[PDB]
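Coming up is one lone chain in structure tokens, specifically the form deposited in one PDB entry.
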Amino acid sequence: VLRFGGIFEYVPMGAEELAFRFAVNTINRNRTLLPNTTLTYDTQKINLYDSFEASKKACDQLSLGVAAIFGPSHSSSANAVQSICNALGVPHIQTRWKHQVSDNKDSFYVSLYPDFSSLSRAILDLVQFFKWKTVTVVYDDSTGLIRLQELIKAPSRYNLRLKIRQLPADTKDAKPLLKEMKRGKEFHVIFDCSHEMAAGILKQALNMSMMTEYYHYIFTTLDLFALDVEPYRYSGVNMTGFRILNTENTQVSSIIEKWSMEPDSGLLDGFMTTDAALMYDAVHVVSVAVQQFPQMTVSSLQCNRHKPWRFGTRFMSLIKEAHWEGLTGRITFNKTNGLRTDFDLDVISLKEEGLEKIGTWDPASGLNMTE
């Protein structure tokens, strides 16, 4: 019997927090996992973008005695708990993308979120398939540039002429930006934002008769198809994106169901995000690591009192090597970056019947289209 850690936003409850609890409870029930063990956990609710509070709440979970911390979903917060985890030798489990640094030499952490250099290369692979010559990439926050940088420096190695814009704070302030694209005849567009931001801008692009067949939008969000695309079914507009969540598999469909069993924004109700799906998978991927390490026993470690974690290098090694078929498909880590650089995607596009798989992608095979 051992304990896990968790840090989530403070507020109604969070979707990642529920995917975490729900995950350890189905690990308890399921015989195959922990036939001689039981998962308990400790939840901490911190105000995000607060490195200090995240570090303290982290140290409280460390003295309490955890085998791994599932840190916050933010840049600053996650970097703090990542450094504390690397110091005291306790594994850090990130479920989102954060800006990494070459200088940084932390090793006690892994990220289940699909390496975003693989996704940027999948996007341009999709632009190659569409034979696009021009394209306007519009991002939400500045980190978007660091994210899909492999796409930004394609025009230098390729024959591409892409403009690049950004949208302000207000959601509905996207109309002026849309006026400039409409006016600039920029029909091929990539959007770097959350599926919520996306559903919001599509509702405005619609008001600006911008949903014709001339336009073709690609989306960064993997939760693209948790969107109510009903209003744009027969508008003639094309839309494409990726999906790492294998909802095609019924095992995944039933898990998503018992999870959803527990407003007019444009989103569909009763859906599981990839952030929630990645937290659920994280719990399972670390459960298979501890499964191969029956001699595990948490320990009370203090931040002020320097003291590495006993079974750290061993546990972290079993985690970076773990291969697990989860909701998001085959899960494996780049031995160098402990970063998930190899994964399977399903390219999907809007049709007159709705969004549907038109092919697959992956860093290896490249781009396979079911013509």
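Numbering follows the first chain given and starts at 1. Residues that one form lacks are left out of the comparison. What we label the rigid core is the largest C-alpha set whose atoms superpose within 1.5 Å from one form to the other. What changes on going to the form deposited in another entry:
- Checking 213, 125, 173, 180 for C-alpha shifts of 2 Å or more between these two forms, after the rigid core is superposed, gives a single hit: 173.
- In the core-superposed comparison between these two forms, residue 253 has its Cα shifted by less than 2 Å.
- Relative to the superposed rigid core, the position of the CA of residue 149 differs between these two forms by less than 2 Å.
- Core-superposed comparison between these two forms: runs of at least three consecutive shared residues with Cα shifts of 2 Å or more are located at 142-144, 169-173.
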Given for the second form:
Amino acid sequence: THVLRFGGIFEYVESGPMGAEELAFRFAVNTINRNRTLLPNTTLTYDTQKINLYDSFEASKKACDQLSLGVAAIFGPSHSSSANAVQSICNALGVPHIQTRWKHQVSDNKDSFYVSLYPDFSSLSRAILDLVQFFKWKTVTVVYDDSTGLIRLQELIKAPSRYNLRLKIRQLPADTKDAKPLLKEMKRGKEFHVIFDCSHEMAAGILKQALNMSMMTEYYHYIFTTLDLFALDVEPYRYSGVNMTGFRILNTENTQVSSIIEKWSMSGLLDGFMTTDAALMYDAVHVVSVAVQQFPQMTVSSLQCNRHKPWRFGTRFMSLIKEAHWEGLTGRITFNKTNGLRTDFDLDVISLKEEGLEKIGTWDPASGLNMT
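Next, report the structure of the form deposited in another entry; the form deposited in one PDB entry has already been given.
The text that comes after this line covers the one chain and nothing more.
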């Protein structure tokens, strides 16, 4: 019967022929076609293009190949420079661009044909302030990776203007993974309260060296921006008396979700976990499908870059996506109509107890922090 084609663009990966995003994308499409309640009369297909990491110019060409081929939406790529290149094209030809990773969304930008499933970093930052105020911290030190800007932490940087807070900003070496020089500076200055803005991979390695420097003790309290905090191995640390706190957006307490995480299972990091980066791609294919069910008449057109005019179904389809609602792996999903960003969402608060990383509360933008 009927067929609707998505296109996905994925970076090449050292790991193997297929990265986490691409595997989750396919995993999601298969599940939805096997499902009868969701898209009963539609069968999802797709075209995949791959590009080298950091190759924004190749991302343009591949995006244009897909639009020329005919697609209803484009998922990926992950790296910001390429994501921006594709976003620009998708806006020009009026085909929806579905993003799953965070990227710096420039201010003066006026692209409107895209949506992002990553939790807005300003909301995440407000949740981190709420932790800071709750713990009654007067002084804190923010450590960020050169890779990501200061920009996404802007809510944190503005805080000392409104609250009695003293904030010291420290940057992680860009040339290396070793951070002992930085840890030494902090230890020296009695910087016991710390916020780490970095991936969970980099966090695992940073706690390792922090342990080799007697900084994993009852004196130090660490807050992490990574949502994949739970997927860390905290065996070495769970008796040192150190406090660790962070957030989780994977709704793992929900049994329907846990079973899917299980199928998916078939350095410092554990195994048998679905990363948030992969869960978000899986939820993107679903939330877009909810929009396709409310628009059964659309048909992809072969659009050519710098020649044709916007897809005649684009504007409608993009509206429906921004209005879509879906209960997914990462809890309830809803976009902000004003900017296509995911500024409203639910978090669980996780913290290091003697038994391991456990839940100790929740958070959402409307009612603030809710420790239990």
